[PDB]
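Only one chain comes next, encoded as structure tokens, the form solved without the partner chain.
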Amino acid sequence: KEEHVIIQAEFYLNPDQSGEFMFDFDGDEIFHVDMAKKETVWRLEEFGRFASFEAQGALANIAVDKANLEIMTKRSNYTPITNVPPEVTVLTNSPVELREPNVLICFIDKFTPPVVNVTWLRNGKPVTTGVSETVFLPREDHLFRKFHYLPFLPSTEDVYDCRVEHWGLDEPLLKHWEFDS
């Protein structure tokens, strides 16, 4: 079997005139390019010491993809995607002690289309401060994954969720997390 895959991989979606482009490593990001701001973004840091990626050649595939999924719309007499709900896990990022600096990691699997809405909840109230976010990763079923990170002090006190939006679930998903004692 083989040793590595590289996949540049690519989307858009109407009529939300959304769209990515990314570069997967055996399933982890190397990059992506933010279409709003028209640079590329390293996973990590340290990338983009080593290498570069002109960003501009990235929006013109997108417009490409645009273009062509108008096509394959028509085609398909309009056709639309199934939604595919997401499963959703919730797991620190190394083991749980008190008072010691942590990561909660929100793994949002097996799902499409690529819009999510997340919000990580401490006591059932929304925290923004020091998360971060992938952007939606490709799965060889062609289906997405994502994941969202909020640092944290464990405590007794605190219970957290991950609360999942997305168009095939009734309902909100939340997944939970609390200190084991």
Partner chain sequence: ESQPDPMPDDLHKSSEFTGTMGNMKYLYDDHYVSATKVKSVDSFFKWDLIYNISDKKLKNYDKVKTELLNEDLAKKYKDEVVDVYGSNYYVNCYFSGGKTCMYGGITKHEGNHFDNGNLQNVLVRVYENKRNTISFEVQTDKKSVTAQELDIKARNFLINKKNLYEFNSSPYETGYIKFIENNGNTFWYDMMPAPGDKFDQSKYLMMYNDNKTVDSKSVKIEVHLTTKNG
Given for the second form:
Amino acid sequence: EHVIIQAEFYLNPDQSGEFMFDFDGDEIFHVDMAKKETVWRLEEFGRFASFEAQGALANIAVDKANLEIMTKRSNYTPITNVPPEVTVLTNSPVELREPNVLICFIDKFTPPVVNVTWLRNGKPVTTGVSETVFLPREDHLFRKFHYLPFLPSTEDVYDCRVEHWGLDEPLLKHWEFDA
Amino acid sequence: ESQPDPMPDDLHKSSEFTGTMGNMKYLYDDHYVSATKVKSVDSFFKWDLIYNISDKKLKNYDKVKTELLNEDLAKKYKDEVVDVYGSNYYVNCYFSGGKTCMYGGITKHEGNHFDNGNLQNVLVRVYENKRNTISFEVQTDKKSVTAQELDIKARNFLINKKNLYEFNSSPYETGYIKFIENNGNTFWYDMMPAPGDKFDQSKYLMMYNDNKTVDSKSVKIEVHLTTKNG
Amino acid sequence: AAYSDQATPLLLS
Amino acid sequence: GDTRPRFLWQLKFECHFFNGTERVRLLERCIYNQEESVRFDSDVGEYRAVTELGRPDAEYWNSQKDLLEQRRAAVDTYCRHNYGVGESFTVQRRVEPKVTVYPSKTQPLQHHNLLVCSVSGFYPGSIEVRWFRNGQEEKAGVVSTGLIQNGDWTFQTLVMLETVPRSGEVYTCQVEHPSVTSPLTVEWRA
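Next block: the form deposited with the partner chain bound, after the form solved without the partner chain:
Everything in the complex follows now, all chains and molecules, and the chain you saw is the first one.
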């Protein structure tokens, strides 16, 4: 009925490292490898529990050493790029001038490295956007969410532009007020 | 613009720290990593560089990792012939012979030295409760030197002559070291541990992240201290 | 309350 | 561009809970690129290679009596422990769903009204959404978009119902969720 997963990874040669906890598919927290601190998915979690960020950095070091061992054992068998499935939706039924949020769902892909940008009428948007780290999947590929707070209108149109090695070309998911 | 000086409420008070001050002392009492003309040989995360430097002192490590504020800083020095000077730590030092960790502390070696082992003196003036008590100089073999190197040298001196840090607590309540550059720019570091019962050495040294360097022949240093009562 | 984590063991070299 | 090959390593400790901390299963797994190579199932009690690439480790780790013993008690010291630590804001987290009923913007076939029951912003994901025509449940014509996990501890879903509308009819969308003691209902008066 419930699953808690401690998920971590290391990617060469990008030198990407991650460490996070998952509750029924939702992130509880992950560790900022540079600031060396626990980043809670929701603010209130950090007021009810704690975690020693330092501990994740120890695991990551072992994770990398093991990557090097495994890489060599497989005779340097590289990973096969699997392109993401991209979808765009609002978090709630859209209504003109009614505050909403655009969600760009990037799923079923690997390796865990993507470039995601939002476009308002063909132009890039930087204001108010936020994103999550890479989330684990049972098939061992990844998921990831990008958010854009906006004010619906018949005039504005959007696109979630995603780049990944498995995509020959950047993929653009369009969205516009229809309802 | 330059960083605004601290107000009493902006400073850590040793009276609010209940851990072992010896753990702060440990980082500046004849404690530092020093290497000349070396190039990085590895990297754990993109913002850090790993060098082959041996602890000639007590053979405690032969690999050193220094973390920088960002990837660009690391890229900048990755293939440079540099010099290294900084305060290292072991507790929570991780990366894939003994190992030790540190932050910043990197400077280009090319034409940054003085001929004939000449050292540059740097002025340090100490203030206790707003009055200049003692003044002296520390020295470096670099024209452009990291604030970290100078800071460490100043504190090493003050620990011996003024008991800046003792095993248990300190004679002072607050303290910050301020750097004045010839261009009028200034910045400072809090010399006391964050409040609480445990001193996180790694977190504290992170401030040296920016790898901030200054001109040794013209920079000026000021150490401002205060006792709890006066 | 603090979360505990599992430590990673090294692989066979 | 960047064409160098990538090499990935993943480590996952999965704590599976059945009826609270009554039955707990720990699954430690290693994945090289997209392939699980070796794992530790608490139900088996020891490491087992999933592929030849992992055989060396399964053999090596099982030769470490200390590790095996520590791993065997993780079901308590790790899983049950962490479950109790976050139970209050995870297992017990509850956010009531926002429910609204309106006709679809599409409406394909003429003498047919496609109704939409929007159920959003709720938590947990477990939820039951039913349609009734005059107090009697509808089986056919019902089509759901599926449960959508927004990534922010929030869920949403759309459940449609095609109808042959007759003045006076009452089509009800009923929603049962742990956040409420009694089902939520939203009616569409034809």
